[PDB]
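Undergrad: Listed below are the residues making up each chain.
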Amino acid sequence: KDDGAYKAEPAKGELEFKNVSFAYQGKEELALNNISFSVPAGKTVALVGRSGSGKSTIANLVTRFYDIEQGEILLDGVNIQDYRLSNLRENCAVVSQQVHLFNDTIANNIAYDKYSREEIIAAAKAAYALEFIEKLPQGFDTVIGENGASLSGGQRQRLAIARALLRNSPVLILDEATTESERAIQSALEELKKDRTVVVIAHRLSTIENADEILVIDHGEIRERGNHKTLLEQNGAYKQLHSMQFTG
Amino acid sequence: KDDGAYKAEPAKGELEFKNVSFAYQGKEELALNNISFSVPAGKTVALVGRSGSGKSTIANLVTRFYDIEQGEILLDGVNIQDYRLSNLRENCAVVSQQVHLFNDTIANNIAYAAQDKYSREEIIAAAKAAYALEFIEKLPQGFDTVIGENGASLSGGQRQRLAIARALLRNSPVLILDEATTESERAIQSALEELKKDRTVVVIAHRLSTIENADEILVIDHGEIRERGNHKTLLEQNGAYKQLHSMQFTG
Ligand SMILES: [Cl-]
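Just so you know, the protein sequences line up as chains B and A, in that order.
With the entry's author numbering applied, the first sequence covers 333 to 444, 448 to 513, 518 to 587.
With the entry's author numbering applied, the second sequence covers 333 to 513, 518 to 587.
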């Protein structure tokens, strides 16, 4: 599995899927069928589509959660399978509700290459988490409880963003859920998304409407491609999903 | 990190903490202070206590989420650090507040579990024992149903039972169960009673049914074990357990 010996320190962040097909183990039918798209370094691409579309499979493949046998996924023009897995994962950070927190200090949860307290604070500030952390009796040295359940969900999402900002990965995979601090998160995500390549499993209207490109995934294929304005003009699948607020 | 060359295939499941102390990196204060307890193979031990107690740190240490430098944690009398990490993790399964699910079939999500491959028949047996068979078989594609949104297509009760099925399939001799402080709550309680049979169980506990049926309860308070017993012996003491129990383990 971890056969690759090549590394990018850091990668510029250019992504490309070229003729990618994928089927789950034990299934003949394809989950993804001849997927091709390119994301220039520093751009944001929102994957939208109904549940079951395969949009999440596309995102999962970027970090080799599973490998393909047909087509290629390239990072800076090199097949992702050719990179040392640890380096691929260092270059491509994931943010999802599945962010693992654990009993330890807030600082250590953010730091989970060593970073200084200064660097950790800067990451929390950019993530709109500094204000709630510093008001706490012990600040960054506060020990979280119940492996993260002591914090609110909005607080947990911002720690996940801080953790991502600290690593400063050139590629970000953001999985949006279909919040009391929602405004703060949107600003935090706008900071996280700046100067890096972002692939979003998207549900927020603000994320989608501001993406450089939107790919509408439908039964394992790309049905429509454009941005919010060009896709609305088409009066097709994007426009309909948008009307229903990406709740499909 | 993964310096150990020893393996148990499988371990019997005897656990022991002997004089264990632990502090988070960069902290002077101890998170756990001179923790000592034994769990004979096949017994269930419930760790109870208020948020911040360190009960979850105890559970996290069993699978080497972090390592100690004072005292020892032993599996079948061998320090956990001496086992190949992959084998320690094969012997000690975790049912976490949040189990990692992903776009793929229900069967592949259940099988994600162990090192060796399992048959469809073995996967079905695991789902049955976990009270997940009925909801999976009523579905249009049954076990071949592809979950969506990396698990969000399923209900939370359904996701917990898949985590239990996943644990039953690997049949690990040690189970670490983290209870959250449900529409299919009854089904889960029976599923957990199946999962807890014939294996060593360490529970970060909140359910009254789990706690009242544990072989031993350890009340953790500010990084120390304050009380030890079972539901009946601890109630007799009219102390910390009784008070926590009176508030339904919501602390
Ligand atoms: Cl420092």
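Any given hint could be a false lead.
As the list claims (entries may be wrong) - Below, computed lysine-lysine pairings styled on DSS-like, alpha-carbon distance capped at 25 Å:
| id | chain 1 | residue 1 | chain 2 | residue 2 |
| --- | --- | --- | --- | --- |
| 1 | B | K359 | A | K375 |
| 2 | A | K375 | B | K460 |
| 3 | A | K375 | A | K568 |
As the list claims (entries may be wrong) - Sample of chain A residues with no beta-carbon within 10 Å of chain B, all distances over it, derived:
| id | residue |
| --- | --- |
| 4 | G336 |
| 5 | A337 |
| 6 | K350 |
| 7 | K359 |
| 8 | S388 |
| 9 | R421 |
| 10 | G474 |
| 11 | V478 |
| 12 | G480 |
| 13 | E481 |
| 14 | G488 |
| 15 | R535 |
| 16 | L571 |
| 17 | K578 |
Claimed, not checked - In silico negatives: residues of chain B with every beta carbon more than 10 Å from chain A:
| id | residue |
| --- | --- |
| 18 | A340 |
| 19 | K359 |
| 20 | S383 |
| 21 | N435 |
| 22 | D436 |
| 23 | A439 |
| 24 | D476 |
| 25 | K533 |
| 26 | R535 |
| 27 | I540 |
By construction, these hints were calculated from the structure, which means they are not laboratory data.
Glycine residues also receive a C-beta, built at the ideal position from the N, C-alpha and C atoms.
Undergrad: Please write out, lowest number first, the hints stated earlier that are contradicted by the structure.
TA: Violated: hints 1, 2, 7, 8, 11, 12, 13, 19, 20, 21, 22, 23, 24, 27.
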